[PDB]
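Every protein chain of the complex appears in place save one, which is left out.
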Amino acid sequence: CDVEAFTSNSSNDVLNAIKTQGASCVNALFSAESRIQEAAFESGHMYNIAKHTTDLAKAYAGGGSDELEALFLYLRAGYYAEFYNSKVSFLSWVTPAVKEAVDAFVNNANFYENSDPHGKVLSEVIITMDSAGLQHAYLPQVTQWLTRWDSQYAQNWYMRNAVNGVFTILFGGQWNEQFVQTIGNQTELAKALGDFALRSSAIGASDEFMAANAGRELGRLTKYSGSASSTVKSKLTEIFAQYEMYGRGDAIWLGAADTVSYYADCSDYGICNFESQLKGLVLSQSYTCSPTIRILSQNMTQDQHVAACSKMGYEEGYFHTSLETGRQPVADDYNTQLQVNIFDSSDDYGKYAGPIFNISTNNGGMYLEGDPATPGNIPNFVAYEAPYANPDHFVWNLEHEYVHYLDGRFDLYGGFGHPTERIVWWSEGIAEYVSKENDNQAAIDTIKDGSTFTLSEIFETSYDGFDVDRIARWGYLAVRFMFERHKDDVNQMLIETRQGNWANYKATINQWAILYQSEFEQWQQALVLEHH
Amino acid sequence: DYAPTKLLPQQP
Partner (left out) sequence: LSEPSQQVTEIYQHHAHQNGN
């Protein structure tokens, strides 16, 4: 691959680069430096490449096409770059050329072929329909794909990938005015979407995730009005009747229940309060570690419960000694016992945690402090077991996440959003320091590699960049440094954070960033040299 | 939040 060859001002050079280097090298443009993106995705390049793609798509004879896969990937890579790069912004004549190229592939006699080579190009075409803002333009095709799908198509990895892209189209259509204006009247689409979700042959099959996505997008259709409304309702009713909230088809049932509940009246479907009934069914084991920790789990062994409780129990005492808490909670905080909610797997977490705890689940778990002052507030850590998690509890991220509960109750006044200064360095650093103590090779490695952060930079860390190196490793390094070399300052900072004096907290660590930078650097040196 | 798709998962 040679990414520089996409920067030429001649569109023929760029086309030659796409053809000769292929989709695997085009992948680089999604994350290339801005200079390359502004040059690769000139409006003229997008136009000329779409015009070439139109002619190639018209001639396509089935059986896949490495070149068309690369061309459509490039075009939607351009829309990705345009969305995230303020210096990439297409002129108004780009998208009609892209729409013409999608049209050429859609109108081809081979559009509905079932093969993995076809699926590879078809995938990039369907995603381009969303990336290019064309969600309103191919609803008959979405309908045909939903109705044509069967177990033969489902054998092919790249056909599953491609057709699953129609749910991305439905989802992205929410921001498309022509789509919103028309989707409520798409009665055939609604029927095909419902019947796709109802395919019994999807249960336990490689395409079950698609039927689940269909159930979700069907429930989302209740946010629109029009001649399709009664078909949407009928099909949702059949989903809720055919499947159950826990058991066969529950990914489909719960996918639909989530959007129905948010956008519609749960009582029109008989699914009100389903979240609390689901919780009792999925999280059916209860194991009380102590007055301050209780586990609710889906399917853990007794050995796992005992090991989780003793690991958290050890961290709990270590936290209280290290943070010099006196076991005195902050004021206005009645989160007296952490509830640790452990699902059997990442998949189970993705299926059940969302509705039970009203959270997004594209993550490795999370701690919900809630509002500690409200009577009835429940502090919930939501997690899952994994085979490569830590023995002997095998709960992913348990030891780190548990510290957020203790830091929240004993160090930081208020709910999660109460601070009016940045505190990510402390929150994440103390969770790493308490849970890992001095066993942190990754933290050493990020000093050794030559790229470092100052105290001042660490204190400004945010979740925005999602720089996990800066957040977790350098957060840990700064916390460990302050504990080992300046514990009295930490105790002084904690007087302010415990009371919610966030300005005093900031003024306090501002002093650290100027005074201690050079010692922080020597401390890193000693840490590296100890490793050798 | 709407976000345009990056890459699709390849076959293992």
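Chains: A and B, in written order; residue numbering restarts at 1 for each.
Note that in this section a contact is a pair of C-beta atoms (placed from the backbone, for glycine too) under 8 Å apart; a residue touches a chain by one contact, two chains touch by 3 or more.
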Q: Among A:7, A:21, A:27 or A:213, single out the residue that touches the unshown chain.
A: A:213
Q | Contacting the left-out chain in the complete assembly, out of A:290, A:321, A:358 or A:438 | A | A:358
Q. Out of A:3, A:203, A:386 or A:513, which is the one that touches the chain we can't see?
A. A:386
Q: Considering the whole complex rather than only what is displayed, give the residues of chain A touching the chain that is not shown.
A: 157, 160-161, 164, 167-168, 170-171, 209, 212-213, 216-217, 258-259, 262, 345-347, 350, 354, 357-368, 370, 380, 382, 386, 388, 396-397, 400-401, 416-417, 463, 466, 468, 472
Q: Pick out the residues on chain B that sit against the missing chain.
A: 8-9
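Going forward, only the chains that are shown with their structure count from here on.
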Q: Determine the centre-to-centre distance between chain A and chain B, using the mean Cα coordinates as centres, and give it in whole Å.
A: 11
Q) Which chain B residues qualify as touching chain A in the complex? A) 2-9, 11
Q | Residue ranges of chain A in contact with chain B within the complex | A | 27, 30, 76, 79-80, 83, 116, 123-124, 127, 130-131, 157-158, 161, 165, 168, 172, 174-175
